[PDB]
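Below sits a lone chain in structure tokens, taken as the form solved without S-Hydroxy-Glutathione (GS8).
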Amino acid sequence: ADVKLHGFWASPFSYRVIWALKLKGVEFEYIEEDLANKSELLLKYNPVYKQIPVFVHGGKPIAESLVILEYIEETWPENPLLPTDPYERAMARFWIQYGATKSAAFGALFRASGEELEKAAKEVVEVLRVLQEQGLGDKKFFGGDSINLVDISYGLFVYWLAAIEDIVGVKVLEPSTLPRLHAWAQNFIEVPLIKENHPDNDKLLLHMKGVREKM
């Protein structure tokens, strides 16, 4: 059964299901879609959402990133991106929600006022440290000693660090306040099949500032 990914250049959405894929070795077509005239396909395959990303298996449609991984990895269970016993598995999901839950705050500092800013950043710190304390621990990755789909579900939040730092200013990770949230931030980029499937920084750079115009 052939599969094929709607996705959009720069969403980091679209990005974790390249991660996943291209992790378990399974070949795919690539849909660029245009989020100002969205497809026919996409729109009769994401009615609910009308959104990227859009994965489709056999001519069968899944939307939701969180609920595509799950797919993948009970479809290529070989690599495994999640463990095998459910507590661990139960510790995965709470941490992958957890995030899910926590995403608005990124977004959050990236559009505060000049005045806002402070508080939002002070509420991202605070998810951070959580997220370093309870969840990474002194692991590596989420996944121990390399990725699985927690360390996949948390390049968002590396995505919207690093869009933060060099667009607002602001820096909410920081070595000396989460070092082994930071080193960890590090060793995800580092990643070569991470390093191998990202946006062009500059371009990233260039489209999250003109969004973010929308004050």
Second form
There are 2 protein chains.
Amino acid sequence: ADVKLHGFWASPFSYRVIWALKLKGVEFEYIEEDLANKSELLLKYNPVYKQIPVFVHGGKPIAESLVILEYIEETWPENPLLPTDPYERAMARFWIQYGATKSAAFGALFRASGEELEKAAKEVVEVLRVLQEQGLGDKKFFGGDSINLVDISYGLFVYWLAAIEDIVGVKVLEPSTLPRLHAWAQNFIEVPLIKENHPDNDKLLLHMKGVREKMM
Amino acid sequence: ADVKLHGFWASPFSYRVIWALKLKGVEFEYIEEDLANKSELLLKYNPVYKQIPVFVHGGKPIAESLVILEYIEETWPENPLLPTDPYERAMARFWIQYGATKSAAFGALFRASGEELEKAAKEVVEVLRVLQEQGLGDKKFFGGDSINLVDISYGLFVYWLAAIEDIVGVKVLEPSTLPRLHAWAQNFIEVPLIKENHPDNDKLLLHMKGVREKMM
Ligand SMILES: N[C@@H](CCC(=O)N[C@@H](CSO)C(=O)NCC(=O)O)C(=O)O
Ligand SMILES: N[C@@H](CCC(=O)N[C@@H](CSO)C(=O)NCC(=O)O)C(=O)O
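For comparison with the form solved without S-Hydroxy-Glutathione (GS8), please write out the form solved in complex with S-Hydroxy-Glutathione (GS8).
Once more the chain from above appears, this time first in line as the rest of the complex follows.
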């Protein structure tokens, strides 16, 4: 396979690329990186950040999941994951950037000690409320009737929410508080592409529990 | 004028939009916002962040300078500010995102107290070295022989460097340490479009000095 993807089994960032490639029907070779012993190709291809994912097409590398997603959308334009209208595309990019900026609040809640856990959860709920009210609205998905790059970027929120609930013991996405966003999260998880491509849940929660245990 | 731009006289973010519009030859109405008494249109158009710039086209608003820049490039494709090849476009977006991520180091250096000022300056120099070596290379501009959206995004670095040097008293862009990036910064400042469109330097340094004086 011409296309290569360097990833990590538990990474939402490399899963974003797997979803986009599988949606487009692009064959690819997947390379699992040991983050404690990074491959020579990983360090050569991504000297700036030394992170996965690293997507390679025709021997040329691309780092940063959002940048890779836009390259895939431009290179394989069939089965579009962005709208064609520039204004609608700007709204999609606006919400993808909002997700990237606000993703730090989820890590803060995940590592928050007993005190200030209530405050960290409060800030996450507000982020989700704005996302629901101004981003999603009454649509089934951020992409309308089917998922698009906005829904793919928000898989990271679902990953964080499910882990925070099962490990931290706090639920920041309550059906009675955010009915539309909660319905979205359930619908997203049930999309066959998503159902078929995600880290083993038991293995993922165990891994994340050990990561949280480090920060005391 | 159909196109409207809500900005702030001392903002590099609204200057990014002015540069792109003037390069494209798009007429626009400029609205100066008082950040202490935001207009009804500013709060209506940008409820998520309540910030300038806010670009309006056909009565429809767009917030976030990088998102607005891509909308302008797609809407007025003549005089291109991004390459057409998807791989080259991905490298442009990669370096624009690197600039956004690393811009926080400049604010850190600007507000750094006497102790840890040396450390903040060290981290900025490393950011600039990677930008020079891996981003700019031997090109005159990030856009090659003429400025593109990458150069426009890096006007923010020039704004910070000039202010840090004249206010903090530390020079993080030395010609003998970063010759290519220093030559780039001088060439960028001398582009007639840039020379003709920037905050009054005396007025800007005075304003920024007062902003730094607040954080003690
Ligand atoms: N902005 C990037 C983030 C990638 C990332 O965090 N990758 C992590 C593992 S995923 O939890 C990574 O590769 N870290 C390297 C390390 O742990 O040393 C993107 O969106 O592609
Ligand atoms: N991510 C945005 C940043 C805009 C911004 O910081 N704007 C500031 C003033 S510029 O120094 C702003 O509008 N702040 C509002 C306030 O001070 O309340 C962009 O790139 O458009």
